[PDB]
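Okay, here we've got a single chain as structure tokens, the form deposited with the ligand bound, with questions on binding and movement later.
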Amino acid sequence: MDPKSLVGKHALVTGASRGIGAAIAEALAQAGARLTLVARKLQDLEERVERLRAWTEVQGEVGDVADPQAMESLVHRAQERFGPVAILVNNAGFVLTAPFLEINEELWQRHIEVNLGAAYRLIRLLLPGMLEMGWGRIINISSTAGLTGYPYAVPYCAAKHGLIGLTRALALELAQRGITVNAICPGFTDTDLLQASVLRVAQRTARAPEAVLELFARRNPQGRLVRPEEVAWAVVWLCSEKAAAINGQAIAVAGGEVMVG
């Protein structure tokens, strides 16, 4: 009567080879979920898949979430091996900070398509299987930029806010279908993406990278960056049957930077 885990559940995690996505995949692997991991670069993805095979059955699929044809094929292949996806984690993102007048059509569309469009399409592909099983979890990794504004991140904020809107509406539409839909909203988290953003902001503001890293930690009242495992801890909590009442929520993992209500 003691084993209450995710054994026998197929989870698909996008952007799963490094950072937050990798920590989410590790937590789901330790919980017993069968995993389909998606990322564009083979090298990091293969290492992640091999590492997590110590805890569960894992398969990796090279793919860009913004490519609909590649994603349909990827999802079809993944479900042939591990069956319908019960848990979907939309984690792959895109951010390029710049003054609003420097955001041309291409850059606006890339923010919308990677952060929001991709989640819409993947949910549409995997929702029939969840409805058939009578159980599911859809977890969207948004950001504190989905809950409040940030200057120089207008398309990122627009797309991440749109992801919260998708989350809330779908949570209500699926409320009596056995599926919950929630968003996890990290603040600045210690990842390779954040280190790339540190150098971009330093170059754009004529500041030393170390000084801008200290500014990033100062947005968090706790005076430190969020760890990827703390974001993953929120994700695995939502997958339990005792989190069924958590639906349509945005969980901020930012030390108090944004206090939801």
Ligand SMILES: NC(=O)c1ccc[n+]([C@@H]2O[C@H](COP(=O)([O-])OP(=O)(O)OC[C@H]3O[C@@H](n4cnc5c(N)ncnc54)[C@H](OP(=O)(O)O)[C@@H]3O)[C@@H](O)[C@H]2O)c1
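Positions refer to the first chain, counted from 1. Residues that one form lacks are left out of the comparison. The term rigid core refers to the maximal set of C-alpha atoms that superpose within 1.5 Å between the two forms. What changes on going to the form solved without the ligand:
- When the two forms are superposed on their rigid core between these two forms, the C-alpha shift of 2 Å or more among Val62, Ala70, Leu194, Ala217 belongs solely to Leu194.
- Two rigid parts move between these two forms, and the turn of the smaller against the larger, rounded to whole degrees, is 38°.
- Listed in sequence order, the shifted runs between these two forms are 1-4, 192-213, counting only residues present in both forms whose C-alphas move 2 Å or more over at least three consecutive positions once the core is aligned.
Now the other one: the form solved without the ligand, given that the block above is the form deposited with the ligand bound.
Only a single chain is listed, so you will not see partners or other molecules.
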């Protein structure tokens, strides 16, 4: 990508304070896009906004993507300051692994609403602006669980696969409207949250954290975790005008764990 590629394009990213969302925001900022970063907590969001102001005009907003009323108000405030959103990156996730019979109606609904319902409601709010402008990019951060199954992750796989279905059908519906709809499907990514789970099980099984990291990296044929910057690289690539022919695709960022076709 060029240094002044997405200049004058308002991009909104959810789950932006840390991990994958933070790296996506950083890659879009280095490309010149004006950013709206959405996160659940005030801590880490304001620090990310201050850091990314060195490259572009950045803004932060706190809100729960599951709450429709909170998002309807948040979207209005963000579009009032930086205009309509041209690039939307849906990066909200939730996974609680358990045997299928131990998943009650409430936990089933939470997986569906966070991983699929939130993206539906945000697209519904920002799509009129994209249609009015005649150009747009909707990028859904799904997972390898949206392309393949995992035991003990039935609700997560069902919701993430549903996000690929939403991606594919909407890509065809908006094909001749100047908007592309794509999904990026990362495998296990090296985030501060993952490093805490590695350190937790290492402290509980009397093992070194490096030995525990091997268990997480085992599914990746490259023998390592995916870096958040590698997920972000796939996102920024799609925002270019030369990526207009990329539509309805699920790009796996998992070292070969899932090989799409």
